[PDB]
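Take a look at this single chain in structure tokens; it is the form deposited without the ligand.
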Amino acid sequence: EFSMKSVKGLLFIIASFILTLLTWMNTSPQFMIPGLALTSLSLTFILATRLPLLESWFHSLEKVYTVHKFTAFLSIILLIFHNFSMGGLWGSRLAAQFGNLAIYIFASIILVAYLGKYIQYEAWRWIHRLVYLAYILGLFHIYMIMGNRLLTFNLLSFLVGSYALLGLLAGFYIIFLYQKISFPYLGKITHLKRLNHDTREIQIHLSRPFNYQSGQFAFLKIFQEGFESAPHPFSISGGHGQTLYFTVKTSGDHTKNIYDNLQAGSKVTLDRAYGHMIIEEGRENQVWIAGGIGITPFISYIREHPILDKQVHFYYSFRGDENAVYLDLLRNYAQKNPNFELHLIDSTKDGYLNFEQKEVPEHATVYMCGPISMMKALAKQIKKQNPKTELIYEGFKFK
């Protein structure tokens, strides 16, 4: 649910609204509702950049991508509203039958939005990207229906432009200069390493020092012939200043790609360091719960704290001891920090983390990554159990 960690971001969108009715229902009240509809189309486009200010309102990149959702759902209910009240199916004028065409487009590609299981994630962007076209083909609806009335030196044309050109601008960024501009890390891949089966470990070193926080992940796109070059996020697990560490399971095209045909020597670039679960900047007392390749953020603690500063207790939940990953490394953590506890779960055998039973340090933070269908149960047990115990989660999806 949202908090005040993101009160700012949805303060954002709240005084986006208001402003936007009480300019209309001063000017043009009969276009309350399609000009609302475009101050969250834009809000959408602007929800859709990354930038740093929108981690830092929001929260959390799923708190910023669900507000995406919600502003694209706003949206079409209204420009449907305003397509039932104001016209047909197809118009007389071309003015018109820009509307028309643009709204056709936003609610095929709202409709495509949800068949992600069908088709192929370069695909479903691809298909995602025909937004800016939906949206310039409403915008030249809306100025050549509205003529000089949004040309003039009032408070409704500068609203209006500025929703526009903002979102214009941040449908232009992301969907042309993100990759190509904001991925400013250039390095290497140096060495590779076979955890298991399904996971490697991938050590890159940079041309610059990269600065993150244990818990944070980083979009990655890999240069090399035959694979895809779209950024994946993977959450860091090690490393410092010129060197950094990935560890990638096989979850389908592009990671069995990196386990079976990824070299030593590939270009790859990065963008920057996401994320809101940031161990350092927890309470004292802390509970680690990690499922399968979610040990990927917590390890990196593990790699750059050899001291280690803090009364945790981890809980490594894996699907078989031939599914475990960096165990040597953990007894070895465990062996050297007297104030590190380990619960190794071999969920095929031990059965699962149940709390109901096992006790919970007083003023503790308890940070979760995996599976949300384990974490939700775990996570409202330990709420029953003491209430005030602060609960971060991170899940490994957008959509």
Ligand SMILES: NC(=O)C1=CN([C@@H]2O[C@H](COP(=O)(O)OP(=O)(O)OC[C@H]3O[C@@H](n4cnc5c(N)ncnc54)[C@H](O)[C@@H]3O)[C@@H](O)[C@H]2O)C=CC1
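Positions refer to the first chain, counted from 1. Think of the rigid core as the biggest set of C-alphas that the two forms share within 1.5 Å after superposition. Compared with the form deposited with the ligand bound:
- Among the candidates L115, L329, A230, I127, the CA atom that moves 2 angstroms or more between these two forms after core superposition belongs to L115 alone.
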Contents of the next structure:
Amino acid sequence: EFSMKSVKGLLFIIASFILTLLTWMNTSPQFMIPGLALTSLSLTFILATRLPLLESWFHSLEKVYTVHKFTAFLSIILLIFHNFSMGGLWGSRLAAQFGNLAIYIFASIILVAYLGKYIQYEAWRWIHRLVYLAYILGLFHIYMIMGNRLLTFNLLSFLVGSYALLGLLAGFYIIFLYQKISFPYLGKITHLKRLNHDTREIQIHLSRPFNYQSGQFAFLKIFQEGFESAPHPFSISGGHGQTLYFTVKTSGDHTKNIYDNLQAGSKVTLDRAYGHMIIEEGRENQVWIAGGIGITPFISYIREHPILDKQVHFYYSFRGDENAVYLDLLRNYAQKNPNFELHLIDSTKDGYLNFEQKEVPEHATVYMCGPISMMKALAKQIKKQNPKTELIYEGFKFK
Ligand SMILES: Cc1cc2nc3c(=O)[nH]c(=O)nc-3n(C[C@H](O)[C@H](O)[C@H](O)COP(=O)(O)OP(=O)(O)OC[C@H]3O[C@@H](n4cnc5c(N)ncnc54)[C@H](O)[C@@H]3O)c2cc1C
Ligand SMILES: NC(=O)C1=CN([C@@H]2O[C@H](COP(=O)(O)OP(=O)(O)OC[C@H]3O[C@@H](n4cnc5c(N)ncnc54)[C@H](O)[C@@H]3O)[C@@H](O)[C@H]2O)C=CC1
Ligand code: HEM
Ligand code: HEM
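For comparison with the form deposited without the ligand, produce the structure of the form deposited with the ligand bound.
And the full complex, kicking off with our chain again.
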């Protein structure tokens, strides 16, 4: 659920609407519903830019995309009501037909985005990118309809023009510029290690130092023959300065490509570090819960803090010893640091991790990274045990 950490973002959205609502009501009340929709459209584009300000305001990329979806849905309902109030299925003049086309494209794209989950990610993104054409058609329709009412010196013209320009610039940046100018970290793969039957470790040497906190993730683009160049999100699993580590598990065609065919010497590019699950910013008493590949952020901490300063209880749940990674590393960390307690849960033979009887230390932050059902069950159990415990979790998907 949303908390105060996103309030700066939320007040940005609400003030975006109220200021819109009071503007149209002052000038053209008959257009409050469509005008608000226009705002709700531009915000949507702004929520797709992945800018650091958005992450700061909404505290997380997952919350950013939740608000993105909510604004998209609000826009589509407002536009459907506007269409029902002002016309039919097809207009008689070009200005109205532009709006007809824009609303049709918006509805089709929203339906495909919500109901298309097994579509390939790149094909999904290509279909999703038609929102820019729908938005341009909508702006054309608005400006032919209004004429010399958005082209004067008043609050309405400045509001509509500023929001439209912000949406246009955000869409152009995310669709055309972001993958070509916002990936300044140029690196080369130096070493590859297959940790088990379906996980591989990638070591990257960069031309510039990379700054990140343990528990954060980045977007990686690989440039090798037979590989897709699209950016994939991966947790930074280690490295300091010009060296980076990524631990990639086979989860599809691209990750299987990484496992079998990736080679040392291949060029890679990275944009920056994202994430709110910063372990070093938590309380002294800590509980770490990982499931499968969700161990990747915690490993970063272990790799970057040879001496532990916190009271850490780590629960690592895996399906059999063949699905476990970094077991020797965790055992060495436990042996070297007496303040690091390690609990390995072979869920194949032990069963699911249950926290109803397990005791959490007082005044503690819990970090969870695993399958979403596991996180939900453990969060319910821990909240039932102690409502004052801090709970932080990281999801491995945006939609
Ligand atoms: C914040 C974050 C951190 C992650 N950290 C790790 C990590 O440390 N190790 C690891 O192995 N995996 C990690 N992942 C997951 C990893 O990014 C996906 O498994 C990978 O992108 C899927 O590639 P694929 O083509 O093999 O999968 P596919 O078979 O194409 O799809 C599997 C699923 O992965 C997601 N996905 C696919 N392509 C993309 C894409 N380009 N961008 C975003 N999501 C996509 C979708 O939800 C899709 O349903 C992380 C994901 C996120 C969001
Ligand atoms: N942060 C996230 O959202 C993460 C998501 N994933 C994703 O989940 C998928 C599964 O891959 P893996 O993690 O390798 O395997 P996995 O999900 O099968 O293994 C994770 C561990 O959690 C346990 N588990 C699963 N559901 C549970 C529940 N309801 N209650 C208790 N324990 C439960 C499993 O028994 C296993 O030991 C992948 O696509 C991966 O990307 C995995 C880890 C982190
Ligand atoms: C209806 C108005 C919408 C607009 C204007 C819009 C716009 C965009 C744009 C321009 C992008 C970036 C495209 C790119 O990277 O090339 C994006 C990304 C994204 N959108 Fe939308 N979108 C809309 C609706 C939705 C809906 C309905 C959903 C989900 C149900 C959604 C979920 C996402 C997600 C998860 C991403 C991240 C893509 C990634 O991880 O690479 N959007 N959006
Ligand atoms: C934001 C301010 C907007 C204003 C002031 C506005 C104004 C108007 C007006 C006056 C009409 C009736 C004109 C006519 O039917 O001949 C109309 C119709 C329509 N508008 Fe808008 N509009 C706005 C936004 C939008 C947007 C963004 C879209 C689509 C994305 C849209 C889609 C439509 C549709 C589908 C019709 C029906 C046309 C018809 O059936 O003839 N409107 N609008």
